[PDB]
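S.K.: Listed below, chain by chain, are the residues.
Number of protein chains: 4
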Amino acid sequence: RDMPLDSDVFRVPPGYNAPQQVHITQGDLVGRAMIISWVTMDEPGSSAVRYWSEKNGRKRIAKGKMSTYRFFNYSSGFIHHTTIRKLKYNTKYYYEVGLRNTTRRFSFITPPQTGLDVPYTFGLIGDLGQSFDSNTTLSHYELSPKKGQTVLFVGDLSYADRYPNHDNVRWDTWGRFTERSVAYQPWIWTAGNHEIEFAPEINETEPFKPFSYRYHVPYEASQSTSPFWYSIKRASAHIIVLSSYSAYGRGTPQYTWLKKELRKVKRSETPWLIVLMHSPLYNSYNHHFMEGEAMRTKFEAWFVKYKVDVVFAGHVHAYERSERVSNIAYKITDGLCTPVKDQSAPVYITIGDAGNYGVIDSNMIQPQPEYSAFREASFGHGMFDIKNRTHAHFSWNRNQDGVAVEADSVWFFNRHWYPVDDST
Amino acid sequence: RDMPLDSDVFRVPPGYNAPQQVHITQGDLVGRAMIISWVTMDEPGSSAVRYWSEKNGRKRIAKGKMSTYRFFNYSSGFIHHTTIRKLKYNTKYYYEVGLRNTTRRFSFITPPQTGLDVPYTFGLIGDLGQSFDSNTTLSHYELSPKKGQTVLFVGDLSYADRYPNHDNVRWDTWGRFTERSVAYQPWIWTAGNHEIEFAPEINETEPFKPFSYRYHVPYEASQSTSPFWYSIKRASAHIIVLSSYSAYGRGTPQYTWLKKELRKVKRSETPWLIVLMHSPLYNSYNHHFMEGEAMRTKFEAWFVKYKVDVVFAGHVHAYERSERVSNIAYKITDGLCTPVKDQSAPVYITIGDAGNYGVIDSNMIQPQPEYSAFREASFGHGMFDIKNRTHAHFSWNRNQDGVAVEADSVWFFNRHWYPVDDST
Amino acid sequence: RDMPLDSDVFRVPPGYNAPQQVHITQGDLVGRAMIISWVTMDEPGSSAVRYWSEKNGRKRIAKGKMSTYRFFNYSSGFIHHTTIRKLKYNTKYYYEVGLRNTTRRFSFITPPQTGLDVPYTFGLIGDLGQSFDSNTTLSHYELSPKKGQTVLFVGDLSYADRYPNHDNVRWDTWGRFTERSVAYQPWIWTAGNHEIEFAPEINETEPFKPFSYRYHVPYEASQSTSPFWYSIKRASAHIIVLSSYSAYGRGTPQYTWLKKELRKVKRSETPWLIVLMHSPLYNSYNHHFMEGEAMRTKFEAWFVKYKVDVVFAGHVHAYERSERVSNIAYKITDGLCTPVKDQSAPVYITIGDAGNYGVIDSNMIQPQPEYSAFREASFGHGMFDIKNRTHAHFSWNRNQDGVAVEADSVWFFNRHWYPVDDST
Amino acid sequence: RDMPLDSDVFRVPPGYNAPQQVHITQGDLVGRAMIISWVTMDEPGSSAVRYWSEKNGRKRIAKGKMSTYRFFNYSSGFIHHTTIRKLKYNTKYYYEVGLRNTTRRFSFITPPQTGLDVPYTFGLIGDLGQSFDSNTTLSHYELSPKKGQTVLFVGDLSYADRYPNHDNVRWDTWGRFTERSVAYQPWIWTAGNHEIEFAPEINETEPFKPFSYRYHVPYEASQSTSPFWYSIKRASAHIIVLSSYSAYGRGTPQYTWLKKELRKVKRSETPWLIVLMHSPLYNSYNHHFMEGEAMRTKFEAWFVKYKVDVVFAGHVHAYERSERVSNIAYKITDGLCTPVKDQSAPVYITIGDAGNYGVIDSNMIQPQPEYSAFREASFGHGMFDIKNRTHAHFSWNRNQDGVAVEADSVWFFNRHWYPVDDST
Ligand SMILES: *[C@@H]1O[C@H](CO)[C@@H](O)[C@H](O)[C@H]1NC(C)=O
Ligand SMILES: *[C@@H]1O[C@H](CO)[C@@H](O)[C@H](O)[C@H]1NC(C)=O
Ligand SMILES: *[C@@H]1O[C@H](CO)[C@@H](O)[C@H](O)[C@H]1NC(C)=O
Ligand SMILES: *[C@@H]1O[C@H](CO)[C@@H](O)[C@H](O)[C@H]1NC(C)=O
Ligand SMILES: *[C@@H]1O[C@H](CO)[C@@H](O)[C@H](O)[C@H]1NC(C)=O
Ligand SMILES: *[C@@H]1O[C@H](CO)[C@@H](O)[C@H](O)[C@H]1NC(C)=O
Ligand SMILES: *[C@@H]1O[C@H](CO)[C@@H](O)[C@H](O)[C@H]1NC(C)=O
Ligand SMILES: *[C@@H]1O[C@H](CO)[C@@H](O)[C@H](O)[C@H]1NC(C)=O
Ligand SMILES: *[C@@H]1O[C@H](CO)[C@@H](O)[C@H](O)[C@H]1NC(C)=O
Ligand SMILES: *[C@@H]1O[C@H](CO)[C@@H](O)[C@H](O)[C@H]1NC(C)=O
Ligand SMILES: *[C@@H]1O[C@H](CO)[C@@H](O)[C@H](O)[C@H]1NC(C)=O
Ligand SMILES: *[C@@H]1O[C@H](CO)[C@@H](O)[C@H](O)[C@H]1NC(C)=O
Ligand SMILES: *[C@@H]1O[C@H](CO)[C@@H](O)[C@H](O)[C@H]1NC(C)=O
Ligand SMILES: *[C@@H]1O[C@H](CO)[C@@H](O)[C@H](O)[C@H]1NC(C)=O
Ligand SMILES: *[C@@H]1O[C@H](CO)[C@@H](O)[C@H](O)[C@H]1NC(C)=O
Ligand SMILES: *[C@@H]1O[C@H](CO)[C@@H](O)[C@H](O)[C@H]1NC(C)=O
Ligand SMILES: *[C@@H]1O[C@H](CO)[C@@H](O)[C@H](O)[C@H]1NC(C)=O
Ligand SMILES: *[C@@H]1O[C@H](CO)[C@@H](O)[C@H](O)[C@H]1NC(C)=O
Ligand SMILES: *[C@@H]1O[C@H](CO)[C@@H](O)[C@H](O)[C@H]1NC(C)=O
Ligand SMILES: *[C@@H]1O[C@H](CO)[C@@H](O)[C@H](O)[C@H]1NC(C)=O
Ligand SMILES: [Fe+3]
Ligand SMILES: [Fe+3]
Ligand SMILES: [Fe+3]
Ligand SMILES: [Fe+3]
Ligand SMILES: [Zn+2]
Ligand SMILES: [Zn+2]
Ligand SMILES: [Zn+2]
Ligand SMILES: [Zn+2]
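Read top to bottom, the protein sequences are chains A, B, C and D.
Each residue of the first sequence is one higher than the one before, starting from 36 at the first, in full-length UniProt numbering.
Each residue of the second sequence is one higher than the one before, starting from 36 at the first, in full-length UniProt numbering.
Each residue of the third sequence is one higher than the one before, starting from 36 at the first, in full-length UniProt numbering.
Each residue of the fourth sequence is one higher than the one before, starting from 36 at the first, in full-length UniProt numbering.
Derived from the structure by calculation, the hints contain no laboratory data.
The reader is advised that the hints may include incorrect statements.
For identical chains, the list gives no copy identity; a pair is met inside one copy or between any two copies.
[Stated by the list, open to error] Heads up, simulated DSS-like pairs for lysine-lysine below, C-alpha to C-alpha not over 27 Å straight-line: (1) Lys100 with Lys127; (2) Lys121 with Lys94; (3) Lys244 with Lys366; (4) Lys98 with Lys182.
The shape of chain A in the complex, shown without the other chains:
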């Protein structure tokens, strides 16, 4: 069900050496910087970006960097990444890319300054891929009357690794496909397993190669040493991104980084604390059942201890939302190994159902365990709408329903400023 190469969605912008595959993300810790990235195929081109705010129409120029990579018998085009910094909060900016030959213009809006009661609405997309189903989820998102403002992406971007020799073209088409959204609003990236791409057979053994060339993140903003785990703050939220497929043993860089990072969250500043990861810690579908155990045994207590609000994951191609549950009492022989309701624990949601290559995970653990509050095997996307320092409303819209039909919906009460039972 992968959309064919000629699909209107994969068409290449016309013009000589016209910037294609345009995409953006936050470029700093707090909201006033963006990383613009794109690809030119005819020749190298300029890595300069021109931008100006709607109000103070003064045109400034940011100069970035260019790179390329070869995968097997494949060779990328010219990848560019430029970071515009020191933007003003809450203002619309226009940016142009492809200055030398054919220029293209886009716009984005900086978020509001970080604050306790600042509202903001995030979209949740996981496991997109490029099937027709993928196309549908993306439009439904684009049409959600509750306008999404940033997409928190949970992993498995294009599934190009399913093609022979991981046909990296499929990375190009995906990038062209999603530009309609990412050229305009940032998508926060998380690495999934389809991004690992360990292919000894074709002599490609550096994990995450294509993904890392194409998608950049402000990892040094948090003091991370790798782009696979980082953190950013935006509006009233503090987002922490983790890498299920990187290492988390005690003492490793990721473990060490997260320990420090959790100590840096200030709920008086960013009330909402969200964590993103690919492989779900709590999952009742048969597929990938219990894979999240190892990371679970390692970070769960931290999450309960710092009161994280939600934990979004993907990987299982279906939907599921749990109860605030914890299972942090086991000591091997004491037999205390059963998830228990805990109002300090975060809610674990899994939205890996945006489409992939058109396949859904339907078999599930029967009967629905206690920790599971709702599960459904349908394609869709989610929206996490922050309202106050106390309220945030989550929704799940199915691809079968109309754009405005929330097939599941829930209010979240801030584990810090209003820890009442939302566990309903």
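Keeping the supplied structure of chain A fixed, place chains B, C and D with the ligands upon it in accordance with the hints.
M.R.: Relative to the frame of chain A, chains B, C and D with the ligands by itself:
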């Protein structure tokens, strides 16, 4: 408690640019190759090694490679690594190193061809370090009347990272200290946490740097893509080394590698299957209690499924030997989370008590759980003596006892050729 | 007059990932090693070469290396270079390349052991390019009844740098064009100015990049530190190759290397001493008149001192052969600045007329100076046929004449074993 | 004769990780930027530089870069290079270096904006080295009542290459020795042969390695692609630095660069045109007689054509000043090979007599040829004092004379604004 820099044990071989810190390991999959490694400090020197068998006294020459590294305000000398290959099994070889200026001679004996009933005796050392205690354990090993023939090293080599800026000299002194043994019999390396050395503060953020420059392993012999997990066969054993501090998520290179590797073990060929790792899966001391959970949740079933015989670990600075136990029935809600006796399960032994910087882990879990067969907080080393395809005898000698006093002893019955009850 | 891309001469060998652009050169100092190089375009492929002698039909395998490069908006295919060594002198060998997918077979004949009276016939080609004229010179060579056995190539290989952005395809077509000769007999390479390719404008500023990726030479055989100046011995000749466009100041690597090298020539072993370079030291055409002055002032005396026999050059697109002349008496104010006949001096010949992009240099210094013995502005190639330690016969065949019509011809008397006046 | 290691001049600034070997140069094309460089030996340290003008005492900070290198059995400390830019012309600046641990303060004065009649006084030092003689020349310079404001350095900095394995310490001592001057006024660098350091024997074969790590120049300011030839404008002068030991063949990068650069000189803007190079084009001493021939044959005409005023060189350890001479009429056979007076030709001066390792080149060519205006084998330094767009006064002070005794003196009349006869 660490031995002082002037300790006789740290003395530098005399002569201009005299080879120091000499050491060896198996260099191929089956036994007929060695990797000789050493360091010269005055100037680069030759990386050629001259060797000849006692019988056919014809002198041949192997040419290797030289490298250097800088840690913080530290600079290595000239590290050399040369692989002699195509040796004859079961023969004494003499090798000379430092051909240009001051030459030094050593010898080693290739192991017997791999076989079903070929006996061999391994020493077990873990968490050595360089305290006086360390010195002791090493001598006790050197004196075991049951002559050890290869040391399986379980991790934490020198604790140089405990010194300011990880004073890499402590790596040099450790290398000079242990030469008395390693220059003559191979030691199989395993990476522990003291080897990670992630020091962002001094701008050292590439894990395992010093360890990796200094200690090489034949990882491509198994088709591993990293030197932190590999496998070798020697005599009647098939040894598999893993990395607690590397990644093992589903799909990762280490996970992928182990799955394939277990499929390649042939018990009709190497009856004994041993696994090495630093952080113990089963451990009842308070210190580092339950750190091995994550990896446990990922590899335990495979170990039971392939009937691995023993699993040596270190990290807890003390001794402990368990019962053949398994705990692979948990499914979150079914409450089946208690280690059970399983005769397909391997025996988990932890020997991280060779000395470190002179400190013992004594606080235990009271009371001694069922899975724990014997535990003692004493410094010491172990020996695993293979006898037939069915028998192998393990011993633990305390540093307080005399060289020949086995403070713990047990016979192992091959999980494949003689599955009768050991566990006692 | 550049042959069009569809020219039958540029056709690509059929088959999946079929080795194309096959080419060879001597791979050691004395004749018993070859460097096989080729290109595969579909995918990487194997860098193994299979070969066996006609006599002892035992098939052996040599394993080489693979590399790639990008020039501007260009990306090479997979370049391979493999060195077969330890060949037997004077024997025919078959070699196959493209082992994995589509295999191609060729053959070559090792030269005879170096000796005083060993005959051998070299072809002289300079400034080839890929015009139709180039095609003609190459056939005339292929048809010279005096069968050439090795081509000494004087520089300016393909003129791809004349195309926009140095369209490196033109490097591919040239390589395909000349395979008919180079896959079978070695061509010794010399770097000319069309190989420098310094293009700051397109950000290509490393001189000799494409040339160096594609054409390899045994420069370490002589103890050279760069592939732009080296030396080889073959049959009764000792060939020295220099780089007009590299540096030759006093103290530089090239200067230093040549000084030592000249001291290593043994005329009792290789009677004939030949030097190759691109820019001619003695030239009477108007084009490039006096460019060879700087190198001249630096090496001429050495040449006269060691009695080099001939000095072949190219660059001027025409033919010219001089008298044994020297001009090494100048001391600024003494006015002794006029070429004089000297029987210790080498004969300077220029054959840069094989074709280029179809243009000839016709204007010449009028009147023909004394040092010039013969000059003609015609396209052609040359043959230097060694006979004894005393005799060697040089010929120049014009493209207008028939294959067997020597338009100029001369006997050379060895400056060492028979320094009589051949200056006729 | 070289000063001993304990010489007071080689003492190391006290303090932990105290900045040593401090030095500066122009950092842009026109005068408003500086490159501060230094070395810290205890540990890496900060590469930030703090500076503020005397007037507007606002302290700003520039952040630079750190690097290290290894020569043979030698290892550099931590070399730092930071470029302060956008300075105001003609103002005193103070700069501090070593911000983390022990800070040191220095000052410099930006030159006046480029102009037709802007005076400036340059010092001329060549072949300094570190003998006692060297110490002397440096003091004499420091004391010239005609205060020098920038040193144009002609090559051969330290002669470290004379020590075994080119004992790079001699590079450190030289850097500490000269700090007294260079930390305060820029010295413009030129590469000489003692900087090449091609030492195959110890496996060092990349020319100019130590020199290049330690001494940086603003070569991209002119659009040069290498740091061995560049150009800067300062006050009323346009200085062009060349590399005798780099390549200058037709087509090479240096040749190509100079041709374009000469076209960019505007005498209406910087009336005085100076060229620096190591090996002198015109020299009548026996030592190194005629080494400058090759480059001469390549660039002389261009110098006459663009009317360069002076050409300073070193290499011959003595002094010599010529007449405005040219010798650009030779055409091989026309016998016109004798230097002739030419008033468009520059004056060739050689000041390689600052000291070296205490040795003078005294053997001259007898008799003093016509082109030579004055020559003397004494240690000394020079000063080139620009006065107007028409006048500039050059002086040569011997080490034997007193600080104010000009042992040779001459007025230069601008070849462009006042071409009357100087040559006397
Ligand atoms: C390279 O660029 C030129 C124009 O700049 C274009 O016409 C040509 O087709 C390009 N080639 C490639 C391989 O992109
Ligand atoms: C691309 O833009 C540059 C602008 O400097 C122009 O010179 C060139 O001809 C343009 N078009 C193409 C097809 O390269
Ligand atoms: C994808 O969806 C868009 C609208 O959301 C539509 O215009 C387009 O035709 C669709 N393409 C495919 C291949 O489904
Ligand atoms: C690439 O191809 C296969 C992968 O296993 C193997 O035969 C070969 O050695 C690999 N690596 C290289 C460098 O060719
Ligand atoms: C939080 O938002 C909800 C819905 O928008 C509203 O009912 C509630 O009163 C808000 N809380 C505050 C403190 O305004
Ligand atoms: C370098 O080598 C020389 C002898 O080869 C020795 O005398 C000198 O002390 C060495 N220096 C270092 C830093 O090892
Ligand atoms: C080291 O060995 C070489 C052998 O070639 C010798 O030349 C040198 O002098 C020896 N001694 C030292 C101290 O380098
Ligand atoms: C270490 O033990 C050895 C014998 O095993 C002994 O000779 C040596 O003196 C000891 N050194 C220290 C510092 O304990
Ligand atoms: C090294 O020192 C500290 C480590 O956090 C930091 O200030 C600095 O940026 C680090 N990295 C570099 C390249 O200096
Ligand atoms: C195994 O070894 C033990 C002790 O050496 C012995 O009692 C037993 O009989 C041996 N088995 C075989 C098959 O020889
Ligand atoms: C890569 O290789 C596959 C087969 O191995 C081939 O079909 C495909 O077209 C190749 N692509 C390129 C760009 O060479
Ligand atoms: C190429 O050769 C390999 C031989 O191992 C084969 O598997 C493959 O299918 C062949 N053909 C192509 C088009 O790749
Ligand atoms: C090149 O010459 C060959 C024979 O020498 C001929 O078969 C071929 O057609 C010629 N091609 C062109 C383009 O001249
Ligand atoms: C490449 O294009 C031109 C060449 O002069 C220039 O503007 C640009 O800076 C060059 N280099 C890079 C890295 O873009
Ligand atoms: C050299 O060769 C020529 C022509 O082949 C012949 O006339 C002459 O006698 C030969 N010299 C010797 C020594 O055979
Ligand atoms: C490294 O730094 C420490 C202090 O930071 C210093 O005491 C030690 O002596 C230094 N070592 C070297 C080799 O500079
Ligand atoms: C160097 O400076 C730092 C300043 O942060 C200080 O912590 C350190 O102790 C100082 N002294 C030494 C000897 O490193
Ligand atoms: C170098 O000269 C300075 C003054 O110019 C003097 O103070 C110093 O002692 C001299 N040192 C030597 C070693 O000549
Ligand atoms: C370094 O030492 C000598 C220099 O000629 C030589 O024997 C050796 O091959 C050189 N290079 C290396 C990499 O050892
Ligand atoms: C040039 O300077 C000299 C000496 O300072 C002076 O005699 C002459 O008049 C000056 N020229 C101008 C134009 O001021
Ligand atoms: Fe997925
Ligand atoms: Fe330990
Ligand atoms: Fe040419
Ligand atoms: Fe000098
Ligand atoms: Zn997934
Ligand atoms: Zn440990
Ligand atoms: Zn040419
Ligand atoms: Zn010199």
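S.K.: Give a verdict on every hint.
M.R.: Hint check results:
no. : hint               : result
1   : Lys100 with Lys127 : within (24 Å within a copy, 36 Å between copies)
2   : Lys121 with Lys94  : both (14 Å within a copy, 22 Å between copies)
3   : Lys244 with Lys366 : neither (39 Å within a copy, 35 Å between copies)
4   : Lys98 with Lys182  : neither (31 Å within a copy, 43 Å between copies)
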